[PDB]
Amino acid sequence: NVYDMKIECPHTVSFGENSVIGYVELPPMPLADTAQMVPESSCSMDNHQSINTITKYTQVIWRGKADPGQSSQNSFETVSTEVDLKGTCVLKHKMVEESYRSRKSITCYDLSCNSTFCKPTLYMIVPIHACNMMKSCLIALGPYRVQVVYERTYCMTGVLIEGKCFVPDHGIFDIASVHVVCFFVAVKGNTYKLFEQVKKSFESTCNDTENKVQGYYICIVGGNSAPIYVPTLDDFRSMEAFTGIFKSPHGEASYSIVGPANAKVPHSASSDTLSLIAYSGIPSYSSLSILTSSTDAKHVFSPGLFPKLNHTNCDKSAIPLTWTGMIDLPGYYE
């Protein structure tokens, strides 16, 4: 079975630094089959070689006896292990800009898992130059096949929003809610101490920002824009995404709490460094996150557990690897 990834292209295209993004959420597959799963593309644009490389993850799972009706003596516990994951959406510093000038795609996937099954979400970031050739491509991810379909919308220059064409910025002024996708870029630096700005933007009891994760989020808005670096103090679009990421960390019911839990991240930690909540339910939100209390990014994969993403206390928390939401942008309709 094949699934479609629609990437919208306007009639008028500006070349220079614009990248477009498409995504598709795939049906659930067993957790064991996600090992060594990597995107395999057949487009004329070679995928970036760094995405297929290994990223060390700390895998956190929960387990228990769980007999019918059993509420006690379950031996409910969490297990931390070091695992190698390839193809996840771990973007490196200046990878999007280099991929634009190299005409290379960025094809990666997110994992939304419970204890037994995973919903992969395949992402592809391609330069705007893919909006003229518009050659249909085929991507293989595990047992699934994805057809990249470029569609030329009836919009002249803007974004297709509910059958209307909105130009983020010559009509009258208007505000539109525009979709945005963000990825955390792990990069050490004295200017990238992220939680120093988390402490200023939000009512966050967050001490010791010197020892917390360093990096920034990079975002694509409207499915077609220049990359937005988050946070950027004098860029209100960037600060809107910053607000959305930390006020809605799972992104913008089948979820029942099994119990709270703590885990060692990484596995070699002398004490528990991450708080999580074990749950039962169909896969929903991402299982990929980054440990807060480590300058060097410790990537976490917690199938069946929701890591603590609330920032009101930075203790034993995490930040999401990917984030999707809506931000309000000024402009006009055409």
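Numbering follows the first chain given and starts at 1. Take the two forms, find the largest set of C-alpha atoms that superpose within 1.5 Å, and that set is the rigid core. First, how it differs from the form deposited in another entry.
- After superposition on the rigid core, the C-alpha displacement between the two forms reaches 2 Å or more for just one residue among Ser75, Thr116, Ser102, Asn211, namely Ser75.
- With the core held fixed, the Cα of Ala297 is displaced between the two forms by less than 2 Å.
- Remark: with the core as the superposition reference, the CA shift of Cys43 between the two forms reaches 2 Å or more.
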The other form holds:
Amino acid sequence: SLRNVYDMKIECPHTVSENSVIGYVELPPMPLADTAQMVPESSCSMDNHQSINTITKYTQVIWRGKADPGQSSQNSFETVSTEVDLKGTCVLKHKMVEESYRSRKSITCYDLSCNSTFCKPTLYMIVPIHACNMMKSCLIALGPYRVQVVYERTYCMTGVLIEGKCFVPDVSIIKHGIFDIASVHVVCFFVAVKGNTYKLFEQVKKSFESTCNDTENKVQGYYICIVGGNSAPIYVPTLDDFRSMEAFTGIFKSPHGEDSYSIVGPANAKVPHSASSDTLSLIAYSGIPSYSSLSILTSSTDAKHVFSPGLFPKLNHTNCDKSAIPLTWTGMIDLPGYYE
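Now the other one: the form deposited in another entry, given that the block above is the form deposited in one PDB entry.
A lone chain is what you will see next.
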């Protein structure tokens, strides 16, 4: 109630070499109305990308019903789609991470896990590996919360701290003679970019039995991921990169992430608000905030970002009709390499 500051630990190896590190902290629930115009304000604003604090157009989908005072089910309900402006959300632009490495700029953004009335913000910070030599403690302000960035130098030459051991993610012929496999944590963000090489759902159609025709008119872009808190960015999907296809499988087989609430009912919404017909299927629920409320509409080459507090967007692709893809995804993938 009075406790408002949280620590965000970011681990650093002793030796530093396109590598970016990531830290995150899940903040306590805050009222949904107070998340409007909420933007991260960091002390170290002298070296952060200026585009994250800019406005990204979202289609907001909420549900609201009427029920008896002691009832969990609803006598009636409806959904409302509105165009809202959200700043500071984890909308990464094309080559923003690469430009930030050569520019020594941080990426500070947040994810939103909301029900109909409250939101759990998850604050992320992506810094180049060059931020692990100075290891200067930074301060980020997000709404009513204060976050202290704490850099800890793990005991490993370049690798990842995994269960008290140091694992270096890798290969090829050398791997056959000897190798080891480690389960490594990964965070992914969808980068919306039009392009003949970024037609993502052409590979969704090939990897999965998903009956998905007319991939030309579906969202274009890729996911960018940082593994072990220290690696070069992995572009997802990449057909000849088995690590990339492992992340690709986890994103679309476990779209809500790898980690009570009672379903009130399915609903459809117009995305964007100006759409002539319903374009997105969702499931209205009651329950404490759980999974991310941020997603991107599937059936639009230009990314239509959706914010659906209290609704679970259609993430299945057995029918690409009125579906969505997650904005963020966290999970574990198995990587070859060695311990040091």
